[PDB]
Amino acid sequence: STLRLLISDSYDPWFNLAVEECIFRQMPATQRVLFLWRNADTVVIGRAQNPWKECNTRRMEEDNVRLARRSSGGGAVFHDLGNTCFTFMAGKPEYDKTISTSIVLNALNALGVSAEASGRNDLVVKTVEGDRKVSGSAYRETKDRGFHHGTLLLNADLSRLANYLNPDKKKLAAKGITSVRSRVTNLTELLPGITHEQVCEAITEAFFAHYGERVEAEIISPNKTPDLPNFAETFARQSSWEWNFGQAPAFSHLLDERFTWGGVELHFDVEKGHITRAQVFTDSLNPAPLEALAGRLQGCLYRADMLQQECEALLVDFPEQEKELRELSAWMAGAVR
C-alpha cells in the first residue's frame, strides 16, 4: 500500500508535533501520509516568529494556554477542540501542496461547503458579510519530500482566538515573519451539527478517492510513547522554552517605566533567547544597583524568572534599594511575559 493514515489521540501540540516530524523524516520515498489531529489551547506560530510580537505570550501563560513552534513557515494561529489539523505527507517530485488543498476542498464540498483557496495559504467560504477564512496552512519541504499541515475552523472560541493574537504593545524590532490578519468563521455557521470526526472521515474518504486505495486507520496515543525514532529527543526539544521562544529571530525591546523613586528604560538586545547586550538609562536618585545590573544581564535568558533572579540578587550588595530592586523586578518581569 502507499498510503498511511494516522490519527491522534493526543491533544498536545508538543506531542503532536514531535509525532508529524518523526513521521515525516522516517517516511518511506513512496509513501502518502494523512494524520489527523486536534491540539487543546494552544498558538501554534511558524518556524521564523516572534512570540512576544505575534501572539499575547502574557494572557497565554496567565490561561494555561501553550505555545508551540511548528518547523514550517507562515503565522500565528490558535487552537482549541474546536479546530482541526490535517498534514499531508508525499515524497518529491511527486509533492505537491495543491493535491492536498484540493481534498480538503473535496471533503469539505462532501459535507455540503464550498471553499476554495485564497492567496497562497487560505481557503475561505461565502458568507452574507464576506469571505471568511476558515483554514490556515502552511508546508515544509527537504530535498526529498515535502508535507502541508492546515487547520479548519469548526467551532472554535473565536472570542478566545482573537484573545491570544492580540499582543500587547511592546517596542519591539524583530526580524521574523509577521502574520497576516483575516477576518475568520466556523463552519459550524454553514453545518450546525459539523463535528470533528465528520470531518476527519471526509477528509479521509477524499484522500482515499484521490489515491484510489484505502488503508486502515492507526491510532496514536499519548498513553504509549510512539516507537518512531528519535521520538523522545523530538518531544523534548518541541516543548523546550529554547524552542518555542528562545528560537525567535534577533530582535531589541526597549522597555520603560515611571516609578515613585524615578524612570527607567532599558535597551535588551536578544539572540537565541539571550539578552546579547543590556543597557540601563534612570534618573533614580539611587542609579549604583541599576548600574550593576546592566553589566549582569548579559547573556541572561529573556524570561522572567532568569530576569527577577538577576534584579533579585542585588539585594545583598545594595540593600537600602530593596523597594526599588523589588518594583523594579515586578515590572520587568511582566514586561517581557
The other form holds:
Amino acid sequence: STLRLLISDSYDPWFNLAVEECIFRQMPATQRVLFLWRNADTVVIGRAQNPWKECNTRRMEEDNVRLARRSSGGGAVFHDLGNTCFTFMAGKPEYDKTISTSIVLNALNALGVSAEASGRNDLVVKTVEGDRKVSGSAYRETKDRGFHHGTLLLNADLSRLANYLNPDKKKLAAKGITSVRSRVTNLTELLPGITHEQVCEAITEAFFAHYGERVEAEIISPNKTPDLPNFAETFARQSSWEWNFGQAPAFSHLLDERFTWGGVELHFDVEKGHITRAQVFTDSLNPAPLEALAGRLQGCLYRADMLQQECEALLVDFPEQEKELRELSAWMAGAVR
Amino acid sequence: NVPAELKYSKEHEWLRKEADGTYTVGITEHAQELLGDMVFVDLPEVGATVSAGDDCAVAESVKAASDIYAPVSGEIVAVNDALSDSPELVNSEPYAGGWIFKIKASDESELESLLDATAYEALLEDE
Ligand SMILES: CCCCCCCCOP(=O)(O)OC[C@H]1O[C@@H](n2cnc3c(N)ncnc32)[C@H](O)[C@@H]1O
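What I would like now is the form solved in complex with the partner chain, since the data block earlier showed the form solved without the partner chain; can you produce it?
Below, the chain from earlier opens the complete complex, with every other chain and molecule after it.
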C-alpha cells in the first residue's frame, strides 16, 4: 500500500498549491502520489515568470481572476473549472516524468481520446484544421523527490483563457522565463459531455493499473485546514503578493503619458518587487516635484497603492501643483496595474 | 572528468576553497548533464544566512526546476549574476563561469564530513 490518492475539493489555487508542496515535502521515501485538483478562474505562472509581462494583470484584477506563482518552472497557463490538474509524485531514483506522461495518455485512450506527447511539455491531438494542444506540464525535482503536474483542457472558457494570457502592451525589459504559445482546444470536441470526475476515474484507473494496486481516495476539504504539517505557513506564503508578484526576476518598466501640462516618462528598475531606482524625463515647465519624486520613489513597492501613497506624500511638499500630481498618481496607478 | 583538487557532496555540488578564505560553489559536470540546457538560475538572496543541506537556489533547465543545496552552512557572500544573463554557462563551464554563489563557512566541522575527488567517482558508479 505505497500508492496514495489525494483529491482536492477546493478551487483556491493558493490553497491547492500549498497542499501540493506540503504533501510533496513530507512525502514518505517509497510512495507514489497522485493528486487531482482544479482551480476557479486563475492564472498560474512558473517560478521565474514576470506576471505583468506574461498575463493581463489589469484585466485579471478587474474580474478578480486569481494569480498564483508555482514552485515548478514553465510558462503561464489559465485555469477554470473546465481545466483539470494532475500531479504525479514519486521518490528517486524511481521518479520519471515519462512514466506519468504515458499514464495520462493511457487514461485518455481509455476514454477514447488519442493524444501524442509533443516537445518536452505538451500533449496534443489531431484535428481537421491542424494540431491542437490540450495539455501543459511542468516539473520540479529535488535530491530525493520529484513531481510532474500538468493540465487537461476539458471544457474551459478559451476566450477568457486567450484574454488574460494576452497581456497589455507594456514597455518591459525583464529576465525570467517567457511563455511558449501553442494553439489549444478542449477535449470536448473529441469526447462530448466530458466531465472532470470522468477524467479523474481514467487517470486514477491507469495509475492503479501501472503500479498494480489500489487505495481509497482521500478527500481534502476546502472549508477548513488540512492536518498536513507546516501548512498554514506555506499557504500564507503562497497567498502573499511577495511570492505571487514579488518573486519577479529583475526587470525594468518604461511608462509614459501626455498631460495637458506636459509629457512624462518614467523608468523603473525593479528587483524583488521593489523599485530599486526610478528616473523621470519630462518637458514640463515644473520638474521640481517630479525630479523629487524619482528620488523619493526608491525602495517603493511596485504597486498602485504605494505609488499613490508616495504621490500624496508629495503633494504635502509641492502644493502649487496639487492638480497635476493628482493626474500623475491617477495615471501612474493604472499604468502598473 | 572530476577536478581532483575540489571537494564534493551528495547533492552533486563542488566546493572551491578560495585563497581569501572564502568559498565558491557550483554544480558538478555530471549534474549539469543530467539536468539539461539551463534557462534560468534562481540565485539566493545576497547576504543571507544559510545552513548545510538547506536549499538555497533553484535551477530551472528545459528539463525541470531542480533543487540546489548549500553543502556548508554560513554567510551568502556573492552571487554570479552573470548567470542571470547566460545560464548556459552552467552547462558549458560547470567549474569555470558556471559558478553559482560564494560563501563563508560559519562552522567548518562540516568539511570534515564530506567527500574528496576520488570519493566522488566511487559515488558516481552507483548514484
Ligand atoms: C498546475 C499545472 C501547472 C502546469 C503549467 C504548464 C506550463 C505551461 O507553460 P508553456 O509555456 O509550456 O505553455 C504556455 C501556453 O500554454 C497554453 N495554455 C494556456 N493555458 C493552458 C492550459 N490550461 N492547458 C494547456 N495549455 C494552456 C497557452 O497557449 C500558453 O501560451
